[PDB]
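Student: Here's the letter readout for the chains.
There are 2 protein chains.
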Amino acid sequence: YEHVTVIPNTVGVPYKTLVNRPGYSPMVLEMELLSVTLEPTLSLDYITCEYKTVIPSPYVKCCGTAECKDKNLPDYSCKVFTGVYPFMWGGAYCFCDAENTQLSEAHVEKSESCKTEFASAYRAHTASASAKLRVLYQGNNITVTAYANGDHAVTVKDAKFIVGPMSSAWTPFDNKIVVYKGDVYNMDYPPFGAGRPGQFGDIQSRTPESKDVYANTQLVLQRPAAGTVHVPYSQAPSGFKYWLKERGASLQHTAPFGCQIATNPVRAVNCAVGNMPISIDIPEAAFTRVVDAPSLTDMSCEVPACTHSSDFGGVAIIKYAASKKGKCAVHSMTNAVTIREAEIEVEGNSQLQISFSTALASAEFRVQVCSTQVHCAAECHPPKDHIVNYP
Amino acid sequence: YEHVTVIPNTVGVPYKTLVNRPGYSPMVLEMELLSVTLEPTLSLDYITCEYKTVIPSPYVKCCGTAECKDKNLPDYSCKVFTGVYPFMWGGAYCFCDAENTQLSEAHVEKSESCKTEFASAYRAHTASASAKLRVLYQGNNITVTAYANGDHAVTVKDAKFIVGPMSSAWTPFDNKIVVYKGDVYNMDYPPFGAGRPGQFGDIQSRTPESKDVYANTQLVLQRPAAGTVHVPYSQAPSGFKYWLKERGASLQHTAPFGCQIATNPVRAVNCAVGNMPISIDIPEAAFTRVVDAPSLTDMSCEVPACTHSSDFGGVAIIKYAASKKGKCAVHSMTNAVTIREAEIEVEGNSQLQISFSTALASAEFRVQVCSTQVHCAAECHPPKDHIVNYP
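Protein sequences, first through last, are from chains H and A. Note that PDB author numbering numbers the first sequence so that position 26 is 26, with each residue one more than the last. Note that PDB author numbering numbers the second sequence so that position 180 is 180, with each residue one more than the last.
A hint or two may mislead.
Heads up, the list lumps identical chains together, so a pair's fine if it works in one copy or across two of them.
List time: in silico BS3-like cross-link candidates among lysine-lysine, alpha-carbon distance up to 30 Å [what the hints assert, rightly or not]:
#1 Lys61 to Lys16
#2 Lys176 to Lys160
#3 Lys157 to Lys61
#4 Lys176 to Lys132
#5 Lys211 to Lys181
#6 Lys181 to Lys324
#7 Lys69 to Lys241
#8 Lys157 to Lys52
These are calculated hints, taken from the structure and not from any lab test.
Model the full assembly from the supplied sequences, consistent with the hints where possible.
Tutor: Quick look at the structure:
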């Protein structure tokens, strides 16, 4: 028998569903989010990290003129300084008084930290929706993990589950995303070769193993001090270090519909948005015929304690007269009231105790135990105030 | 000086562009498309290949009843056959005449071929457009490789190039693609765990290294022959082998706009579709002032040979009177006629020979050599035929 219901896409909220197969005793199934997943297809554009300035020993050409050549290196800087007369510990390095030149050379590269401390720029497109789930089935908790596309059929204990399709297709993941460790950010990052100094992408490496990198940081070589061998220079602070403090809160904190954000792989979990249809093909063996189930008569209900809140603040004592011993399903016939118990064991001329949740101060509700209904009258009192902390 | 022009997105067609900086001698640049790459971001869903039927030695329980257990393996089949009496070379395998059972066991896995022969199912989204090309600049051919987004600035010989954005955002790739060696196919492939028997995806492996696989192929175990130890069975042919012959022509052959399709990485090259804007920031040094360039007078033009075709079927002899020796740019002032030569050397009271292309039978056109225009009258004859085989 195929049971079809729709629950809101909210994690941590147990929902009760009444399965009524004609000629068979009612069945109450408790369902609670399993952990849906929206995993987008990623295409790595580049990685960014803290940059590092490669300066070799300067070429001090004694009695001659050094020549600068155009080298295809990031932020390559070359300058030949005339009229130099450098000194070392034991005197002048050059034989000539005049006509000595110093060739100052420098270029920019990935820091030693780039393997450990880095942010990845990804192109995110067409996310694959997947669904799992649980279910209080036959007095036991079962877990169902399925794609929420309304096609992926998952069978657990002969019960076939079809989850979705999701009412909302929204994805807290734009076309361009940035990943740093366990945090994901929606960012229209600059493309490769377009990074700005002191900003995210001042240094860009296509892959973390890449030998050649793009760099746009303001490296300018200066004339060395009189009689001194050194390479003085002026150079915008790390864009990655700047982004680390300027990034703000990640998608885990900013995303709508109560989305949980995870990495390795990058995915949106339990989106707090829209609803989720559930299809359960319950096998014939799970059902008990009305004749094979206990028959209940002379039913009465009393509410000795009630507090209208988000949790089960209500207590109800139901007296009954059962034809035989067996298990009966417990369900509220009023949508404004929900019962914690899904199934209770009946004996004969005995009583049952149930836990209920309602927002109503004056709660009048019907409880169906097996195939018989009983009216419950409840005067519910305020908790810590209207608003409630449970769904 | 920024020169801005627009060329059709067609590879192998040389285009002539006239750069006219006020107060500077005209400059003719020949441009020919080098490559335009559209690389989509890929997310691997699964791989498929030829399947292989794992059948271990059957459990022949002599004087007892064997028991089948539910094993989580693809297409797992188990059957216990009663009343068996199997024989080996030296007689009966069992001591008992009756009450012997044979447990036949089977499951389905990836073939040994799966590492070599396989198709990959990818989720393709938001393609990154990249560009380069051939420019006849200062009598030399220069190659510019740039992303056709209208942002990526590439500088070659102090000339800054900005290619795009593309007039057409057409791809040839859909949301779901299938890759087999050097061939790409647009296919709405079945999701993981939804593959049909004898069709693409009858066997599905999330990764080529994956131990567990999905299989939906009709494996049914049969009762063994009298006194025979064997595992007879009935079983849809390989879906991958079927797809290999049913796939049809790949995207390289079917894609519009003359798209070339390459793999490793999957990309669309030279999409025959729309036009491409080109921005060239030509440096000051490349230009020659009108006063510094030769002055041409007493110009005459004669066409001794002409054939109206896709190639340079026209010949023109231009007589001139130059003030001094130097290089002059050659350009057609009529859009219906195009000249092969971009630059020629002038001496004085001499003549020049140029090659031209036109579709006109009666071609009347103006040729600008340096800063002076000359009228050319041409009677062009039919080629081989209509329609042309060059752009």
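Student: Hint by hint, where does the structure go against what was stated? Just the numbers, ascending.
Tutor: Result: hints 1, 6 and 7 break, sorted rising.
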